[PDB]
Amino acid sequence: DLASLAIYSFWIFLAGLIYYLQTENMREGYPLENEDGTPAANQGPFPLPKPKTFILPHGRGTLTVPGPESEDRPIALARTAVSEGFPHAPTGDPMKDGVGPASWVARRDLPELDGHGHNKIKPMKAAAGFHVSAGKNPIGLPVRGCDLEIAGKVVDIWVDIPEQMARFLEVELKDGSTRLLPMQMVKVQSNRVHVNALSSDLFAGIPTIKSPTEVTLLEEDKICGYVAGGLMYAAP
Amino acid sequence: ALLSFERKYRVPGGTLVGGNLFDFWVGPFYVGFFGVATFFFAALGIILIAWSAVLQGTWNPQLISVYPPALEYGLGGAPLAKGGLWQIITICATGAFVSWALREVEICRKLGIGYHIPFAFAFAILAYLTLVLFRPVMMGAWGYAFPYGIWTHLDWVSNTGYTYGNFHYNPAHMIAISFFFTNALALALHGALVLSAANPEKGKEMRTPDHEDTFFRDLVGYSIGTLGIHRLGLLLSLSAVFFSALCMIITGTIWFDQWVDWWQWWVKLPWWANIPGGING
Amino acid sequence: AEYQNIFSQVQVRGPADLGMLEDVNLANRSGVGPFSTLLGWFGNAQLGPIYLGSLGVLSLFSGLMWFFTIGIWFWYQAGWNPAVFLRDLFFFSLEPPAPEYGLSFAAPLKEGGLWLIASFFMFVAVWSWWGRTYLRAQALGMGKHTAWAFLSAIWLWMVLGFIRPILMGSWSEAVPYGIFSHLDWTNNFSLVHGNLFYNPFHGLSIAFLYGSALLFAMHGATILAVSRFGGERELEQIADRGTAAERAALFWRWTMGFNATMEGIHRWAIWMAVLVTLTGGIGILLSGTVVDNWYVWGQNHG
Ligand code: BCL
Ligand code: BCL
Ligand code: BCL
Ligand code: BCL
Ligand SMILES: CC[C@H]1c2cc3[nH]c4c(c3C)C(=O)[C@H](C(=O)OC)c4c3nc(cc4[nH]c(cc(n2)[C@@H]1C)c(C(C)=O)c4C)[C@@H](C)[C@@H]3CCC(=O)OC/C=C(\C)CCC[C@H](C)CCC[C@H](C)CCCC(C)C
Ligand SMILES: CC[C@H]1c2cc3[nH]c4c(c3C)C(=O)[C@H](C(=O)OC)c4c3nc(cc4[nH]c(cc(n2)[C@@H]1C)c(C(C)=O)c4C)[C@@H](C)[C@@H]3CCC(=O)OC/C=C(\C)CCC[C@H](C)CCC[C@H](C)CCCC(C)C
Ligand SMILES: COC(C)(C)C/C=C/C(C)=C/C=C/C(C)=C/C=C/C(C)=C\C=C\C=C(C)\C=C\C=C(/C)CC/C=C(\C)CCC=C(C)C
Ligand SMILES: [Fe+3]
Numbered sequence: 001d002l003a004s005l006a007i008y009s010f011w012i013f014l015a016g017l018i019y020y021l022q023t024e025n026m027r028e029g030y031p032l033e034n035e036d037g038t039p040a041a042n043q044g045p046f047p048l049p050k051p052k053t054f055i056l057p058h059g060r061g062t063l064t065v066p067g068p069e070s071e072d073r074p075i076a077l078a079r080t081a082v083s084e085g086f087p088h089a090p091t092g093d094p095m096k097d098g099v100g101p102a103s104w105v106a107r108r109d110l111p112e113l114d115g116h117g118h119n120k121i122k123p124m125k126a127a128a129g130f131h132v133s134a135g136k137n138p139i140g141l142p143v144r145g146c147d148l149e150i151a152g153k154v155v156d157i158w159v160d161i162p163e164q165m166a167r168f169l170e171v172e173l174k175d176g177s178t179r180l181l182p183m184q185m186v187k188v189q190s191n192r193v194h195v196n197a198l199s200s201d202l203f204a205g206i207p208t209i210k211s212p213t214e215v216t217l218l219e220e221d222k223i224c225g226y227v228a229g230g231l232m233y234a235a236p
Numbered sequence: 237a238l239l240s241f242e243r244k245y246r247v248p249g250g251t252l253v254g255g256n257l258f259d260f261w262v263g264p265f266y267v268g269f270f271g272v273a274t275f276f277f278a279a280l281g282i283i284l285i286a287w288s289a290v291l292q293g294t295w296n297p298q299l300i301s302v303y304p305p306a307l308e309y310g311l312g313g314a315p316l317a318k319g320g321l322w323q324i325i326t327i328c329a330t331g332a333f334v335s336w337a338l339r340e341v342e343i344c345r346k347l348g349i350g351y352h353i354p355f356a357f358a359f360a361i362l363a364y365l366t367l368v369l370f371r372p373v374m375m376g377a378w379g380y381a382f383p384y385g386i387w388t389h390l391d392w393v394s395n396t397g398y399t400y401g402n403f404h405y406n407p408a409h410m411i412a413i414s415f416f417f418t419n420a421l422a423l424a425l426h427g428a429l430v431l432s433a434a435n436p437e438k439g440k441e442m443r444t445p446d447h448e449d450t451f452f453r454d455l456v457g458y459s460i461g462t463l464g465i466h467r468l469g470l471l472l473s474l475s476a477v478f479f480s481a482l483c484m485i486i487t488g489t490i491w492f493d494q495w496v497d498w499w500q501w502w503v504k505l506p507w508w509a510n511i512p513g514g515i516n517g
Numbered sequence: 518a519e520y521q522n523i524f525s526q527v528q529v530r531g532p533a534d535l536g537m538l539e540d541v542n543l544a545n546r547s548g549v550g551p552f553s554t555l556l557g558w559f560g561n562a563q564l565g566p567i568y569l570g571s572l573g574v575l576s577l578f579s580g581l582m583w584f585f586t587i588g589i590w591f592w593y594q595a596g597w598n599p600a601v602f603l604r605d606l607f608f609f610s611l612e613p614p615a616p617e618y619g620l621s622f623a624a625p626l627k628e629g630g631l632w633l634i635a636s637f638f639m640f641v642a643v644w645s646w647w648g649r650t651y652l653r654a655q656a657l658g659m660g661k662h663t664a665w666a667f668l669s670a671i672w673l674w675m676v677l678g679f680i681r682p683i684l685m686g687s688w689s690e691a692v693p694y695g696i697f698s699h700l701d702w703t704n705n706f707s708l709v710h711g712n713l714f715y716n717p718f719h720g721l722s723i724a725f726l727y728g729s730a731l732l733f734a735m736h737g738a739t740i741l742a743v744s745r746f747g748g749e750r751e752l753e754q755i756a757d758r759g760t761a762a763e764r765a766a767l768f769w770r771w772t773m774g775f776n777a778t779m780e781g782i783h784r785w786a787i788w789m790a791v792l793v794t795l796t797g798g799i800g801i802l803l804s805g806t807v808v809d810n811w812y813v814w815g816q817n818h819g
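If you read the sequences in order, they're chains V, X and Y.
Residue numbers for the first sequence, in the working numbering: 1 to 236.
Residue numbers for the second sequence, in the working numbering: 237 to 517.
Residue numbers for the third sequence, in the working numbering: 518 to 819.
Looking at chain V on its own, in the form it has when it is part of the complex:
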């Protein structure tokens, strides 16, 4: 009968769909490797999918996945066991080197652009029309670290133009230079900004940006990675 036919046909379909879904999710990170960087023996039941290409806007070129997977950077880590499956220890300074929770990716060293081709993120002092419309304005507040010591003061807010969002807080340090702090990692209070992931002595170590009126995807990743990493390594 139809009912019995329809329900079997459905399971066949569902089997094909899960096959399509799983392979689509293999466009990044594959093939699997051994802890030494070499291709693993067992790659699993599903095969890599036929490559697809994205045409990036604003003349940024194209992208094709799956494709050549390379960290394009040195990983300061070493084995702690003679067998597979154990922790890899930081050979130097985890914060400085950028491994573990403080890891970053080698994203393009260009800024994200909006629909018209203009930098997506900009400090407010350079964003025409933008202002703080609700909540406590942080500009001018002193910044405290997880060690309860003051590390600086906020001098500006970096905002997302097309999505009208505060993404970064620009902070001035004791030596007169600035740094960026992820909006999502700070706690704005009545008379101060609290940064629990970093202690006063680690703010200078935050990676800096080259241009003073724009951040690149690569710089954002280094900045964010570094600050999140403080949650584990800054405990001391």
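Since the hints were derived computationally from the structure, they do not count as laboratory data.
Don't take each hint at face value.
Unchecked claim - Just a sample of chain V residues kept apart from chain Y, beta carbon distances all over 10 Å, derived:
| id | residue |
| --- | --- |
| 1 | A3 |
| 2 | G92 |
| 3 | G129 |
| 4 | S199 |
Claimed, not checked - Once the Cα atoms are required to be at most 27 Å apart in a straight line, the calculated DSSO-like pairs of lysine-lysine come out as:
| id | chain 1 | residue 1 | chain 2 | residue 2 |
| --- | --- | --- | --- | --- |
| 5 | Y | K627 | X | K438 |
| 6 | V | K50 | X | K438 |
| 7 | Y | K661 | X | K440 |
| 8 | V | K153 | V | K210 |
| 9 | X | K438 | V | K52 |
| 10 | V | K174 | V | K210 |
| 11 | V | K52 | Y | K661 |
| 12 | X | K440 | V | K50 |
| 13 | X | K504 | V | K52 |
| 14 | Y | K661 | V | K50 |
| 15 | V | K96 | V | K210 |
| 16 | V | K153 | V | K174 |
| 17 | V | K210 | V | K125 |
| 18 | V | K174 | V | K187 |
| 19 | V | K153 | V | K136 |
| 20 | V | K125 | V | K50 |
Cβ atoms here follow ideal geometry from the backbone N, Cα and C, with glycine treated the same way.
Dock chains X and Y with the ligands against chain V, hints included.
Only chains X and Y with the ligands this time, still in chain V's reference frame:
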């Protein structure tokens, strides 16, 4: 056994218990102390369901079913052959769920991310405990809990619901269905949006989040935003389950009559409680 | 306490955004609406503009007519008594024509005619809106994903009040317009077909409904878990993978030994949701036409 970009993340640290005794992986799985605990509870619990299969006299997955103690046992312990096995398994079930949650917290501390995931999971655990623990204790017997069986647990849903007429009238049930119905709509949209922008018409350049916001404004006059839609999704979900737990914590305790009758408070409001004509006059 | 990012700590506002242009007929866009500080704590504060145009106005008009038509009937029944109308708002109901009338448009108003009228409007209201979500994507040059997903919802809707009633032979098998009213219809439908829990498509639909809640709970929590590395900027993370996509994928791989990609998870998402009404529509279409009692059917598959 590793994703191309995985090694840099596999560092020591983040564990809540045992220091580094269980700080290692098995294939793609992270272990941890709680990794071992959930294995303990799960095997034990599985074994017990197998011993329940023998006593019942069947190996058919569609027939096997572990029942809770009969009401005559109240909240006390009962013989394995009749409710004991169910009580023990529920402890193992509970032990495996919580352990899984805490294992997530550890994976969380190692990766340096937020705790949103284990937090969201805890709401499902709360729903489970409401049906096999909180409600039963408030009613006075393990007998009100649900059985563990593919079809026998559906019967329970059907018989429990009908014990109060049409369960559709449970007011917290109505709210809860709204969040479930809405969460799905929101998921279909979010998914379709992100995909129509990343996979535009053949030959065209990859659209931007601006096109995503423009598309929705043109359509319904408002866009919640890339960050807003993820906050919304988390919320609709946890809300659907929070009200589910609620519609049931109040059924059999503070209200035990027909749910449809509960609606008379509204119609009996003095002002119109007697005016003629209509449906209730 | 560390910031969780459910509500913004600070709102920032700039000039109203008139959105992208592409091939959109700018002559059809209204003007920016006001800015909502209330909404801005959770997401975008900008209301409007909106794009109307032919199809847009046809639906909105057709839609209100379906709405008013019903409301006329509610008042009739409430005897034009405002207090009554309110007391029994959830109880009123516009029922379809009786079995006798079959599938003709001859039944009298007070016997099913108004229903047929109200339906006709809702039928125009919905289909024109569908064309609207297709056209609005075309103008901007985006994929038609939203339109196709929405079709799946129309499917179940179409099956409940149009396709099944026809195949059955009378507008009688359709659903009534009323709050409590359509709840009873639903409960009934189940009883008359020997318990829907025995319908396999019903149980599948539920799996996907529960699955949709699990997934969005999973997906949303994750993006907020890695929003500290710019994770919500999903489109650019697809074109140029960052730590957000890596930690997001590794969290789940370490948890359940398998994972998704920034683009992939959205394919899981659109399908988990879409299948709810896809599987549902089928289960309902076969009820009463091919299978009379699902219990009996579950005994002998045929
Ligand atoms: C799937 C099987 C059944 C069915 C079973 C159920 C069940 C079971 C329940 C509902 C419920 C609802 N159903 Mg139904 N429903 C069916 C088909 C439909 C169709 C249709 C075109 O086929 C429609 C429009 C609806 C619509 C609705 C909503 C009125 C209500 C859910 C809220 C929600 O989240 O909506 C999703 C939509 C949005 C988020 C957008 C629009 C929001 C609307 C306008 C809000 C209306 C609020 C209402 C007027 C409250 C006033 C309160 C005052 C104090 C008086 N159903 C089919 C036939 N429906 C729930 C309920 O509470 O009912 C009373 C409920 O428990
Ligand atoms: C005929 C019977 C009644 C009825 C009786 C009931 C009853 C009785 C109950 C519900 C409940 C619910 N009903 Mg009802 N319901 C009816 C009709 C409807 C209709 C409709 C359109 O007609 C709808 C949409 C709903 C919708 C709903 C949901 C809102 C809600 C269940 C979701 C939930 O709580 O999840 C919560 C999630 C969980 C419980 C799962 C938790 C998962 C756990 C923690 C992990 C498990 C892991 C697993 C073992 C691991 C496997 C590992 C392997 C390696 C794979 N009902 C009819 C009228 N309904 C339930 C509720 O509110 O419950 C609180 C409930 O008890
Ligand atoms: C929420 C209110 C009721 C209830 C009402 C219903 C109703 C109504 C229906 C189901 C259905 C299902 N329910 Mg239930 N169910 C309840 C509580 C539970 C609990 C629990 C630990 O409390 C579990 C594990 C389940 C599990 C299940 C699935 C077997 C099946 C749904 C598939 C699905 O996609 O689910 C969502 C989850 C996913 C998509 C994730 C994948 C996980 C899979 C499904 C887990 C399978 C576990 C396996 C059966 C247990 C193995 C144990 C061994 C020891 C390893 N239910 C409560 C008591 N359930 C449906 C069905 O078709 O039943 C025959 C159905 O129609
Ligand atoms: C006592 C009654 C029976 C029962 C009878 C039925 C019946 C009968 C049906 C379902 C259906 C469903 N049931 Mg049930 N169900 C029962 C118990 C349960 C339980 C439980 C835990 O006990 C659960 C989880 C469910 C779950 C479900 C869903 C999976 C499914 C509906 C999907 C959906 O999203 O519809 C909601 C989505 C729609 C209706 C889509 C259409 C929407 C249209 C296009 C939009 C119109 C918009 C309007 C014009 C706009 C207004 C907007 C303005 C801005 C205001 N049922 C009991 C046992 N169930 C449905 C199904 O598909 O079954 C196979 C169905 O017909
Ligand atoms: C906001 C609540 C929503 C939600 C969220 C949610 N679920 C989650 C998470 C989150 C955030 C996870 O992180 C976790 C996960 O890792 O997912 C991949 C999970 C998860 N949600 C799951 C299931 C699930 N979630 C459901 C629902 C929901 N999950 C809600 C809609 C449902 C429904 C609707 O029924 C189910 C079945 C699991 C697949 C997974 C957690 C897996 C886990 O904890 O595994 C270790 C535990 C075992 C191996 C336990 C075995 C225990 C016993 C020995 C045997 C079984 C006893 C049980 C009582 C039998 C029941 C039989 C039935 C037939 C009645
Ligand atoms: C997988 C299937 C799921 C799904 C998907 C889905 N729904 C969708 C889409 C998708 C993919 C859309 O693209 C479409 C949409 O555009 O959403 C924003 C939509 C949509 N899903 C909707 C509803 C809906 N979806 C539901 C369900 C589901 N949708 C499933 C869970 C349900 C349930 C649970 O029953 C409902 C009620 C609509 C809101 C919307 C399509 C809008 C439409 O068809 O409109 C016709 C227009 C009218 C009826 C206009 C009049 C409305 C009222 C009578 C008046 C009040 C409001 C008005 C704005 C007031 C004006 C006042 C003046 C003074 C200004
Ligand atoms: C305050 O007073 C005013 C005047 C402002 C208005 C008040 C209005 C009110 C209070 C309205 C209340 C209405 C409500 C609560 C409506 C609820 C509807 C519900 C809950 C469910 C709807 C179910 C309907 C579905 C299943 C309908 C599907 C219909 C179709 C698939 C179309 C059917 C098509 C037909 C009959 C043929 C049309 C002709 C063609 C083109 C083939
Ligand atoms: Fe997303």
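Hint-by-hint comparison with the structure:
Distance to chain Y contradicts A3 (chain V) as a non-interface residue, since its nearest Cβ pair spans about 5 Å, not more than 10 Å. Listed as outside the interface, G92 (chain V) is consistent with that label: its C-beta sits roughly 19 Å from the nearest C-beta of chain Y, beyond the 10 Å cut-off. Not every C-beta of chain Y lies more than 10 Å from that of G129 (chain V), the closest at about 4 Å, which undercuts listing it as non-interface. Even its closest Cβ contact with chain Y, about 15 Å, leaves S199 (chain V) beyond 10 Å, as expected for a residue assigned away from the interface.
For the hint linking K627 (chain Y) to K438 (chain X), the alpha-carbon distance of about 53 Å lies beyond 27 Å, and the restraint is violated. For the hint pairing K50 (chain V) with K438 (chain X), the CA-to-CA distance comes to about 17 Å; that is within 27 Å, so the pair holds. For a cut-off of 27 Å, the pair hint linking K661 (chain Y) to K440 (chain X) stands: about 13 Å separates their Cα positions. For a cut-off of 27 Å, the pair hint linking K153 (chain V) to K210 (chain V) stands: about 20 Å separates their Cα positions.
With a CA separation close to 12 Å, the supplied pair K438 (chain X) and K52 (chain V) stays within the 27 Å bound. Note on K174 (chain V) and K210 (chain V): the hinted pairing holds, with a Cα-Cα distance of about 19 Å set against a maximum of 27 Å. For the given pair, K52 (chain V) sits about 19 Å from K661 (chain Y) by alpha-carbon distance, which is consistent with the 27 Å threshold. Simply put, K440 (chain X) and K50 (chain V) have alpha-carbon atoms about 20 Å apart, close enough for the 27 Å limit, and the pair holds.
About 65 Å separates the Cα atoms of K504 (chain X) and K52 (chain V), which puts this hinted pair outside 27 Å; it is violated. For the hint linking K661 (chain Y) to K50 (chain V), the alpha-carbon distance of about 23 Å falls within 27 Å, and the restraint holds. For the suggested pair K96 (chain V) and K210 (chain V), the alpha carbons sit about 18 Å apart, so the restraint of at most 27 Å is met. Restraint check for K153 (chain V) and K174 (chain V): satisfied, since their Cα atoms lie roughly 9 Å apart, inside the 27 Å limit.
Simply put, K210 (chain V) and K125 (chain V) have alpha-carbon atoms about 18 Å apart, close enough for the 27 Å limit, and the pair holds. The suggested pairing of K174 (chain V) with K187 (chain V) holds, with an alpha-carbon distance near 21 Å, which does not exceed 27 Å. Taking the CA atoms of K153 (chain V) and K136 (chain V), the gap is about 15 Å. The hint holds against a cut of 27 Å. Taking the CA atoms of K125 (chain V) and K50 (chain V), the gap is near 47 Å; set against the 27 Å cutoff, the hint is violated.
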